[PDB]
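K.L.:
These are the residues of each chain, in order.
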Amino acid sequence: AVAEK
Amino acid sequence: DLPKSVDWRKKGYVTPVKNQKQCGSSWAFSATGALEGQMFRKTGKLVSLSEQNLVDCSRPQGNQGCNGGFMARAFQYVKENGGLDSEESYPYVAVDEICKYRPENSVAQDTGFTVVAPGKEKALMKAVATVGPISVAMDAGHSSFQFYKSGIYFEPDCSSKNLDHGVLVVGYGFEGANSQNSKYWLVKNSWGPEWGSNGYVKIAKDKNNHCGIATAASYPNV
Ligand SMILES: [Cl-]
Ligand SMILES: [Cl-]
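Residue numbers (my numbering), protein chains in the order written: chain D, 1 to 5; chain U, 1 to 222.
Please note that the accuracy of each hint is not assured.
[To be verified] Calculated pairs, SDA-like style, for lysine to any residue (alpha carbon to alpha carbon, straight line, at most 25 Å): (1) U:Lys207 - U:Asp164; (2) D:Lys5 - U:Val95; (3) U:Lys100 - D:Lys5; (4) D:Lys5 - U:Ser150; (5) U:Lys161 - U:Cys23; (6) D:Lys5 - U:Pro193; (7) D:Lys5 - U:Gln22; (8) D:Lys5 - U:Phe154; (9) D:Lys5 - U:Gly82; (10) D:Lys5 - U:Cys23; (11) U:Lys10 - D:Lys5; (12) U:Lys11 - U:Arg102; (13) U:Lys122 - U:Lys21; (14) U:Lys10 - U:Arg41; (15) U:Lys42 - D:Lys5; (16) D:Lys5 - U:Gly192; (17) U:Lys79 - U:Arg102; (18) D:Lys5 - U:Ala94; (19) D:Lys5 - U:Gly199; (20) D:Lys5 - U:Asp206; (21) U:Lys4 - U:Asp206; (22) D:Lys5 - U:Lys207; (23) U:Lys42 - U:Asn105; (24) D:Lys5 - U:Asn198; (25) U:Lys4 - U:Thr130; (26) D:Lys5 - U:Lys79; (27) D:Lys5 - U:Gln64; (28) D:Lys5 - U:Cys66; (29) U:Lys120 - U:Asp157; (30) U:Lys45 - D:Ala3; (31) D:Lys5 - U:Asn162; (32) D:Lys5 - U:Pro16; (33) D:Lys5 - U:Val93; (34) U:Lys100 - U:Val115; (35) U:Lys10 - U:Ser86; (36) U:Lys126 - U:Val115.
Keep in mind that the hints were calculated from the coordinates and are not lab data.
Whole structure, please, built from the sequences with the hints as guidance.
P.N.:
In structure tokens:
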């Protein structure tokens, strides 16, 4: 998962 | 007879926290973290490894770069390739690029990998105690995880089966005097040191495989 921007 | 707590960061096995930015490459950071600890255990030298080398070059083994991948397929790539470059020589740019692996810059090798018994937190605890940092998958698909700040993370919406994020278990612990009180896994993330607790998170331990931490764990054999 990616960090939310 | 395993220790009541473990922390490989305190023995020199773990590099500073990295940041995958906007690329689906958490699997590559979990895999370099595990190989970094095994190479340190083997040579006494801590060398940051290249996630971009894995993103760009391990599609033959089944990984998909910034679209996703698996730590076991990364350790399979390192074995078949004969090496992995340092972070310094093959820098991270958070996008899929042409494979530029250079053998002369390789600083790590593996002979294969070990799978921890699926679903078994006691097998994971034994691997963490006896081997070093261990690559694991988890369900990080929650606002509570994005804004985690401190303490033992426990999220009821967590799945133990449908996982979406690769991280590194660098230890385990408890609070107070009783080793069974408030147990947790010490987990290194790859969202920068600014996320969470200096880049780490404590996940509830021995609470029915919370968030899937022991569902798909592995480590490279060096
Ligand atoms: Cl990812
Ligand atoms: Cl995997």
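K.L.:
Please flag the earlier hints that this structure goes against, numbers listed from lowest up.
P.N.:
Of the numbered hints, 3, 9, 11, 12, 13, 15, 20, 22, 26, 30, 34 do not hold.
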